[PDB]
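Removed: one protein chain of the complex. Kept in place: all other protein chains.
All chains are identified by letter, namely A, B and C, in their written order; residue positions are counted from 1 within each chain.
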Amino acid sequence: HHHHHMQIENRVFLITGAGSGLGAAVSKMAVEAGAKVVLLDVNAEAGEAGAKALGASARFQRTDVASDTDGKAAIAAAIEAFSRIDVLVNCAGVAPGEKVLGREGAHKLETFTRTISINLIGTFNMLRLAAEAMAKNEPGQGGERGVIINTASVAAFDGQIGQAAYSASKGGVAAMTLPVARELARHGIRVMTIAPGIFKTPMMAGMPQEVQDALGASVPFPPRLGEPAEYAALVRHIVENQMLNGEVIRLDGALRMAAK
Amino acid sequence: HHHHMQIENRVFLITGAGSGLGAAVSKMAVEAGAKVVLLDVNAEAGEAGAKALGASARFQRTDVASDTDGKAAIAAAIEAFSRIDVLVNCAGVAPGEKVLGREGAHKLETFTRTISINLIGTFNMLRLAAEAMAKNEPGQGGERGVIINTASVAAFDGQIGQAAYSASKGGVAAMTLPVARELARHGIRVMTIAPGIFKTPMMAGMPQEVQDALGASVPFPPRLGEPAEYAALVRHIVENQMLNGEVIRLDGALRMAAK
Amino acid sequence: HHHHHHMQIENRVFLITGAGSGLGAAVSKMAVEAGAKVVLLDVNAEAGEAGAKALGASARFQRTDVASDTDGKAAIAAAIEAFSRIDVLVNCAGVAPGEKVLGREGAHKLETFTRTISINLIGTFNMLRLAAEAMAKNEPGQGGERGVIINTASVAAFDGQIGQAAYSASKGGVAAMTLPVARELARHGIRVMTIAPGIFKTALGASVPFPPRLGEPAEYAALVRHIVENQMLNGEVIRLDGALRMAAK
Partner (left out) sequence: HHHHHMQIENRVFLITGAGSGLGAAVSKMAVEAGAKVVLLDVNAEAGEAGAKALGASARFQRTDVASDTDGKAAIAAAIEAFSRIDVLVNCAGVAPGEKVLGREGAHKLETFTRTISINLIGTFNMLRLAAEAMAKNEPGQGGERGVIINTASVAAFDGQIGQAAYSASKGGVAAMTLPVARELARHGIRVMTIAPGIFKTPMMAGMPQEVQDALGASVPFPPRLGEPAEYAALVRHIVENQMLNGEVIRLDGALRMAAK
């Protein structure tokens, strides 16, 4: 702690995709740093188990991030549990691969739409509602009322063959950062975006080991899969450092994804 | 010019073609000796355009976000002119709505709609055009087609109230590379233009002092862009084979302020 | 006909660096053939004379070290004396060396880094400042325009490979100047643009997604032409690269 350093203790985090991978690690980091967390996930089993393991500072609320009504209910539950919302972290996402021209014809419109719905619409939906709650907070240190962190992907910059939908959704997340920051600046709410490279996600851990090790060796340095706790450490830094706003930060070991 | 790609006789498919940018692209294309199939949701405007352009033009009513309308539009282009060489996606809406507004949070429905038309619509026509283009015989330099999408400077310098618009156009911009990478195998190039402030129908609706003020925000030329200038760039992209997988800002050096 | 805001290339005076070969030669050729005047600038007299000779009465040559204050001024004076004005500057002069930060003999030489910067970046800025000064004396033309400056960066500004610290630094510097320079020179009606070429000629093409070949210099020249003709292009860097994204190795 030095003068403009923002304290993490006792701040209330709302976190999506919190039952696994990135979101799980953020929830763990937050609780261990002395914060409150409300876990949101569409999977009840995983979410209940996480909140259970983290203890009294955690709650879980089943949530389809793309739903208006679920989004509200998630806000209401966070307020009822902990009285306020200080930080939103959007980690819910899917990363499918589908060619524009595949063996069985054109990319399905439905699958494109669905990727957009979960990754981009879902992010916007939680963002708009969290923001509305955060704006009711009393202005804190430096006039700050909240911090919103979204998750894009290096696919927003280096999209591979088969990632039209994924790149479109994550590019959309990245490009919203600024206009949203610009508005929410009036209320003291910062808006930031992290663009991860290759991390040990559930999809990743599903692959055979030789394939996992090969992805890792594609990353210049460190030549390994990123650890979810490293994504969480960056989230922490964004909460603590008040000068970080309206920016997209690549967390990717210098990776630039080839076409194949 | 040896590797210069010829515009004459190529078949353009163009969305939002009943007005503004798409209208100017249609005009440019017909006057350079090409065929155009105009697509628009507004039948009156589209028919009138095709009528005015003459025998080299057809119109097909189309909701670009619809799977079935998209297919019908491809089928109509093939039936009329036998092939598709160029797709230009100009259909788009540019609404403003705050995240935290007078009536509460930004409506989810309005966000979703802006994404549907601007992004899902662009992807829909792209996927179906590409499929048709791949059936063409390889032409000059092995090229079978060119796809040109329209993003916006909002993809980079989004203003207060443009979350939806920036999201949709940022999505368009970010697709360019993964799509270009795949479609390279078929000789189909994929490019994106990011316009600044142009004399669109919404723009021409505004009172003159407001128009003039928007123009004076542009460093040089300090005016609204002319739709024919956007069309001139589209032409150059069709002609210049080295242009691929790139987003081009057409904006007089504008960098939009927050408000 | 041609649209109202279309900018005509006929009779405009081009000043072109690195004009004795490659990209600059092809720009000089395009310009003369479209009815413009060209002043060719190059450090190599043999190549420059031969080019100007082959292009004819609409071309002149002036030997020039683009990084030199006094050579830069002499080049402006020679253009004015020959053709009375300057309407377009195209900076194509450049070197593209590869040298590792940590090499077999030791660290990257400071002298070689400095020299790459001097030719690619300082040289570009030098010709830009002096051309701009001359262009500002022109009467305002169509749409109030007095000139166009076009600089050459490289995809190395974005996807720099192992060994390209110097090259990437110099071309990144060119790319980043585009905006602050365009912002100022907007007052005088001078547009400022930058082209970032991929791999151009001088299986080597098979790394390029499409077209899977080396770029032709005349294609770079076609883009220059389009920039001069399209008045809404300003303050932007355009990648001309067949969708290439250079790997590290």
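Operating definition for what follows: a residue touches a chain if its C-beta (ideal position, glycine included) is under 8 Å from a C-beta of that chain, and two chains touch if they have at least 3 such contacts.
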Listed residues C:18, C:24, C:51 or C:172, member touching the removed chain: C:172
Touching the absent chain when the full complex is considered, from A:73, A:79, A:101 or A:185: A:185
Of C:43, C:92 or C:121, the residue in touch with the unshown chain: C:121
Where the unshown chain meets subunit B, residue by residue: 157, 219, 255, 257-258
Sites on subunit C contacted by the missing partner chain, in the whole complex: 69, 100-102, 106-108, 110, 113-114, 117, 121-122, 125-126, 128-130, 132-133, 136, 156-166, 168-177, 179-181, 183-186, 188, 248
Residues belonging to subunit A that touch the chain removed from view: 2-5, 142-144, 178, 181-182, 184-185, 188-191, 197, 220-224, 226-227, 229-231, 233-234, 237, 240-247, 249-256
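Heads up, the rule we're going with is that only the chains that are shown with their structure count from here on.
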Chain centre separation in whole Å, for subunit C relative to subunit A (CA means): 43
Gap in Å, rounded to a whole number, between the CA centres of subunit C and subunit B: 30
Computed distance of Cα centres, subunit B from subunit A, in Å: 31
Subunit C residues counted as touching two or more neighbouring chains: 209, 245
